[PDB]
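Since the structure of chain A is already known, use the hints to place chains B, C, D, E, F, G, H, I and J on it.
Number of protein chains: 10
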Amino acid sequence: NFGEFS
Amino acid sequence: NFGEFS
Amino acid sequence: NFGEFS
Amino acid sequence: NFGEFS
Amino acid sequence: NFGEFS
Amino acid sequence: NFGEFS
Amino acid sequence: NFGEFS
Amino acid sequence: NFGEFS
Amino acid sequence: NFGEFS
Amino acid sequence: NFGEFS
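Residue numbers (the entry's author numbering), protein chains in the order written: chain A, 312 to 317; chain B, 312 to 317; chain C, 312 to 317; chain D, 312 to 317; chain E, 312 to 317; chain F, 312 to 317; chain G, 312 to 317; chain H, 312 to 317; chain I, 312 to 317; chain J, 312 to 317.
So here's chain A without its partners, still in its complex pose:
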């Protein structure tokens, strides 16, 4: 699981 990336 992870929050976010760009």
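Each hint should be verified, as a subset may be incorrect.
Simulated restraints, written as ranges between beta carbons of each label pair [unchecked claim]: (1) B:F316 - H:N312: 24 to 32 angstroms; (2) D:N312 - J:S317: 27 to 35 angstroms; (3) C:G314 - G:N312: 23 to 31 angstroms; (4) A:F316 - D:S317: 12 to 20 angstroms; (5) B:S317 - I:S317: 25 to 33 angstroms.
Note that these hints are calculated values from the structure, not bench results. Quick reminder that beta carbons are idealized off the backbone N, C-alpha and C, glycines included.
Quick look at chains B, C, D, E, F, G, H, I and J alone, frame taken from chain A:
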């Protein structure tokens, strides 16, 4: 599961 | 942007 | 930006 | 930036 | 699990 | 920047 | 697990 | 910059 | 586990 990405 | 997840 | 996850 | 995760 | 990256 | 994780 | 990177 | 982790 | 890098 993950939050978001762009 | 987001609050939370599980 | 995000709050939290598990 | 993010708050926390586990 | 990880928070974020760019 | 982030607060904490485990 | 890790916090963030760029 | 970040606060802490374990 | 690690905090961050650039």
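### Query
Looking at the structure, which of the earlier hints fail to hold?
1, 2, 3
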